[PDB]
Every structure is written in C-alpha cells, then in structure tokens.
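Start from the sequences and build out the full structure, keeping to the hints where you can.
As a plain string of letters, each chain reads:
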Amino acid sequence: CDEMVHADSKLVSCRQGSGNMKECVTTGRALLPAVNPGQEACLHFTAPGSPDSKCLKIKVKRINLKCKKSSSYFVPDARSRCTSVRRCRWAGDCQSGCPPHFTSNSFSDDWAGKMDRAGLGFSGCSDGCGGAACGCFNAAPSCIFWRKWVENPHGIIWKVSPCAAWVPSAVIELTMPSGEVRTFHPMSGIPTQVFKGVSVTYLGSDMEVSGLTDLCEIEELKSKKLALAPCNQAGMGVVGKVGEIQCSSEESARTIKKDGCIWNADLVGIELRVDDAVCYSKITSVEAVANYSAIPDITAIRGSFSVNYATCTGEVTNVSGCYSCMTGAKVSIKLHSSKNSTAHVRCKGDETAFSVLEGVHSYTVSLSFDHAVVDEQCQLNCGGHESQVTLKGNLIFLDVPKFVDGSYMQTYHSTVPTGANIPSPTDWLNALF
Amino acid sequence: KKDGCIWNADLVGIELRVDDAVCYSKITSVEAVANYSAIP
Amino acid sequence: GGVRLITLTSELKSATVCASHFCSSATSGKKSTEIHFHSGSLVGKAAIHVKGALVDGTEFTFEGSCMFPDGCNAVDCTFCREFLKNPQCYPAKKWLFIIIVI
Numbered sequence: 001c002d003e004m005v006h007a008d009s010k011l012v013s014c015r016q017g018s019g020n021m022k023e024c025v026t027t028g029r030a031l032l033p034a035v036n037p038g039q040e041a042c043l044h045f046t047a048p049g050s051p052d053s054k055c056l057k058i059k060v061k062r063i064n065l066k067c068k069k070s071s072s073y074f075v076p077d078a079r080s081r082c083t084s085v086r087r088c089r090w091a092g093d094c095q096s097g098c099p100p101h102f103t104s105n106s107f108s109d110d111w112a113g114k115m116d117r118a119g120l121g122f123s124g125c126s127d128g129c130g131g132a133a134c135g136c137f138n139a140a141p142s143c144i145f146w147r148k149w150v151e152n153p154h155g156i157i158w159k160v161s162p163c164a165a166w167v168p169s170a171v172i173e174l175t176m177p178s179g180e181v182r183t184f185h186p187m188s189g190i191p192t193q194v195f196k197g198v199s200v201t202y203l204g205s206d207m208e209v210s211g212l213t214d215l216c217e218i219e220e221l222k223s224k225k226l227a228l229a230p231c232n233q234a235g236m237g238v239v240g241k242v243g244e245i246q247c248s249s250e251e252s253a254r255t256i257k258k259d260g261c262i263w264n265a266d267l268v269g270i271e272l273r274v275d276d277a278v279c280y281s282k283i284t285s286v287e288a289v290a291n292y293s294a295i296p297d298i299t300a301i302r303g304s305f306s307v308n309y310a311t312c313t314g315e316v317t318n319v320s321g322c323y324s325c326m327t328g329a330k331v332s333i334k335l336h337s338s339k340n341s342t343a344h345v346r347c348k349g350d351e352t353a354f355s356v357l358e359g360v361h362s363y364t365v366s367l368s369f370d371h372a373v374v375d376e377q378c379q380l381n382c383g384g385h386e387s388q389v390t391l392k393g394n395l396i397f398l399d400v401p402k403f404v405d406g407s408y409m410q411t412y413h414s415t416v417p418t419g420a421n422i423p424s425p426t427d428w429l430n431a432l433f
Numbered sequence: 001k002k003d004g005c006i007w008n009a010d011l012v013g014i015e016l017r018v019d020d021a022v023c024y025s026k027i028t029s030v031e032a033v034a035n036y037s038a039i040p
Numbered sequence: 001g002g003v004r005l006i007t008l009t010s011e012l013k014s015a016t017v018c019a020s021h022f023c024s025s026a027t028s029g030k031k032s033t034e035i036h037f038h039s040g041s042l043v044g045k046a047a048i049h050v051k052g053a054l055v056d057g058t059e060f061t062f063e064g065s066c067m068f069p070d071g072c073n074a075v076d077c078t079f080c081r082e083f084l085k086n087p088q089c090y091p092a093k094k095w096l097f098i099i100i101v102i
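Protein chains in written order, with the working numbering: chain A, 1 to 433; chain B, 1 to 40; chain C, 1 to 102.
In case anyone wonders, no lab produced these hints; they're calculated from the structure. Keep in mind that a hint or two might mislead.
Said to hold, decoys possible - Once the Cα atoms are required to be at most 25 Å apart in a straight line, the calculated BS3-like pairs of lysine-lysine come out as: (1) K69(A) <-> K10(A); (2) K402(A) <-> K13(C); (3) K68(A) <-> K222(A); (4) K402(A) <-> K54(A); (5) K26(B) <-> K2(B); (6) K45(C) <-> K224(A); (7) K224(A) <-> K31(C); (8) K392(A) <-> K93(C); (9) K258(A) <-> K114(A); (10) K225(A) <-> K13(C); (11) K31(C) <-> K66(A); (12) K334(A) <-> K348(A); (13) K392(A) <-> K330(A); (14) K334(A) <-> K69(A); (15) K68(A) <-> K45(C); (16) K66(A) <-> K26(B).
To be verified - Derived Cβ-Cβ restraints for the label pairs, each shown as a range: (17) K45(C) <-> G406(A): 34 to 40 Å; (18) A34(B) <-> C89(C): 56 to 62 Å; (19) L380(A) <-> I99(C): 48 to 54 Å; (20) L12(C) <-> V22(B): 40 to 46 Å; (21) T213(A) <-> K45(C): 50 to 56 Å.
What the hints assert, rightly or not - On the chain A side, residues computed to face chain C include the following (Cβ under 10 Å): (22) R62; (23) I190; (24) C322; (25) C325; (26) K330; (27) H371; (28) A372; (29) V416; (30) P417.
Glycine included, each C-beta is placed from N, C-alpha and C at the ideal position.
In structure tokens form, the structure reads like this:
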C-alpha cells in the first residue's frame, strides 16, 4: 500500500489491565484518500508506549454503478377465476331490492367463514332469467351473487425496488487488527455507513457524475435473468404501471392471505351470463408490458476500539523492476524474528511506508514500489537500529536494450545540418540586399 | 441528558437484519461539511 | 495490457451447470466485458484484460476461488516516454565516436 497515513497518538485511553500486554482504547474519525482501484490500503497506529504498534488494512476491488433500494415490492402471477352462486327468487329470500351494502369479506350467502384463494373479490347482484324456462317458478329476475379470485397457480415472484438515480460505488474489504476480515456492499457516493466490528466507514470523492433514466432492477427468484423495467412505483399502485399488485411478503407471495399484498378494483374483468358470469383479466404480464430492455477519498469513523500491546535481521533479497507505472515493482524480504510483530517506515525511500506484519519464524514478504535508483535507508521495524542497502537499476519506459536500433537510427539522424547553414549563407546577405 | 440538546429524526441511519438491525450515521462532521476556510 | 484494452488468456471449464454465476476480476483495475457465459459444456474462454504485468496471477472464479496462473513477458514494445533517453559511460571511451563520418 503506497497510500497510508498513521493514526493520531494524542487520543489515548489505556488501562494497564495486564503488565505484559497494555490495554488501550481509542475512537474518533479517519480521513484518507482513495486509490485508483485494484489494491489494498492500510492504516497504521501508534502509542505513547514504545514497543507495540498495530495496523489496519482496506482492500478495493471494483468500480461500478448501482443505487440504493428505497423499498421492496413483490408481485405474484395473477390469474382470473370466478364462481357464481345461482339463487332463484323466494329461495334464500332474495332481496327484491338489491342492498348496496355487501358483506364481501364473509359471503353470508355462501359459507360466511372460509379461507379463499382471493384478494377480496367483490360481489354484485345480477339480473338473471325468470320463468319456468329459467326454472324459478316466477317471472321475477333471478338472484345471482359472485366472487373474484386473484391467484397464482405456480409461484414466480420478483423483489422490486426503485432508485430513479445512480451513484458510483466500489468494493471494500476490512482487516481487523485482531485478525478478523469483513466485506460488504459499500456505497461510496452517498454517505452510507456500516456498523460492524468496532468502527464505521463511508464514501469517497464524487469525481464522476452522469445522467441516466429512472429505472430499477428485476430478476426471478428462480433466476431466469436480470432485467430492467420502467418500474414506476409508489406505496399504492396507479393504472398501467410496472407493478399493479404491490406486496412486501415473500411468505404470502405464492399464496395470498395477508392483506399486505395490495391490489386495485376490477383488474379482473367480468362478463355476465344468463346462468353465471365469465371472468377475464385486464391485468398485464411481467414482461413487455412497458419493457424497453432486458440484459446489457474512502474514509472511516472510529468507535471505542479494543487495541492492545524483539530480535530481527536485515533479511533483504532481490528486487523487481518498474517505474512511472501506477502499480509499481515488488521487492522480496525474507525475515525470521522473535515476536508476532510489524515493521515501520524508512528515511531514504521517499516513496511510502512499510506495511508488514509477520510472526516468529523465517518467512518472506513482498511489497511494490517504484524508483529510478534504489536508496533504502533507516528502516525501523523491531525497535532496533537496523539499516539495509541494495543497489539496483529499476525499469522505466526506457530505450530498447535488445535491438539498439535507436543507436543506429539516432546516429543517422544527424544529416545535412551544417550544409543547410552553408548554402543558405551564400544567399543570406545577398537576399537581404 | 437534558432535552435542551435538540436533534432531528433519523439522522442515524438504520439497516435491518434478520436477527438485529445495523445503524449507520447520515450525520456530518464538524469540519469540511460545507467549510470554505479556516484561519486567515 | 496497460493502455490497450485486449489481452489473451486461455481459460477452461470442466462444468455442466445451467449458467455460470458471477465470476470476478483480475488485478490492475480490470472490469471485463464478460465474466459469465454458457457453462453446461466444455468451452474455452479467450479472456481480454488490461494488466500488462509479469507475474500474471490473480483471483478470478465464479467458484474457482483464487487460482494462480503464471506469466513471463519481455520488455520490448513501442516506447513513448518523457524523460531523458540514457546516461551511460560514453565519456570514457565512447564519446570520441559521437562525431562520425557524415
């Protein structure tokens, strides 16, 4: 990590619970820049106590465009069905005048209490046939009542959530100084917060902005494929929008029992019949109803931490080569020591800080930098006054060492220089005259 | 402790979890939130 | 890799699943144009990248989970640079050959 800034050694709350291991607590906030993606950032810490030091690391993976979820919606597969109860006059004592009031949640005519496959289907009086041909022994119109079902035969449902905007985000991974590792969905444009471990982090700089149409996600629970819907949405449902049956219950997704799955009147269309009624659907599908497409300074806040409290070598070895490249060039370092401890900065490098955390045995480490000539003084890692030197020439966007064709071309580059100054001088003063 | 220190609703942002809830802050800091200067 | 957008690595699958899930990216800031394709068969993947590095080992599996390939590259290509070309030991016995027979 070429990018890292140490902690602040003035916020100190340490209690000496154990003599060997000092116990310390610190809080506050962090202000660090953000990298061009594809590396792992670090964060070093200090203490007024001399020996111990600790570090925290942050990984970055991707740059991508996603947005927040305002609210989630579910939509089953509505299908029209209906039943009609055929009642003759004077049987059941039919209301000669149909009462405008209806007990639509009971249906006292037919089984006042029963669970139904219906999203509260409405009922209406209808004028049926009358007479002996109708079999009602009376010329009075028949007495037919009716019910609507909104049902899903086989369950495929979608979680639906609108943003109507887009803000860039990234991928962030956490390394606890204790040793724990955590990642999440970071939303690095809007100040989203994550509350895990002990600390909290939030956005990076909004370098780039763009304009895009107000859209959403859509994807099957059985995962046919992701897609994109106009998805006009609200708590309620307007006519002709992307979701006409709004629900927030996956538990009541397949079957509809809870009233949370909401609807609107007379989406299912009725055709009257002499003996019954015929129900059709004015509802629309999930696809192509309005679809226009399918598939195409990171900083942190510090809470009350739990951060607590050697013999070494030079352990140096060879170098790799690159300069002026945004990644760098690695160097290998093969250490054995006596404590499971860390390393810290040097003088002469003038590039960045060390971020090395090792244990008690011969191990090796690799870290990437870039330079012209290799200088390396004053690495204070284990508390002892150790310094190491390596002399090497680093790779740059440099001449060709293989062909040396430039040495041939540049040698021939000099041509007719003095000749242009000799012949033109024969007509310099004369032309001026 | 005193209610004299006043606030506004839902400055601290909540994320729901299956067993618990996760709280983050939409609040801002003391510096650079809109600052355009320090000491002349 | 580097400034240019396209590389060539041969990726192979012993896979029969209906569809490959989300794979991941390479190092050096790679957002590919494809990390999923049909995966029920034995088909190779000629992946393009932006890396232009040497080690050529990075984490990239729907489920491969950080396999390590290997790479080795030369140093010769078109050179568009900024700083001075070269400082060498021409002064001792090679600067005398600078002025030649024109």
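Open item on the list: When the structure is checked against the list of hints, which entries are broken? Sort them ascending.
Closed with: 1, 2, 4, 14, 15, 21, 23, 27
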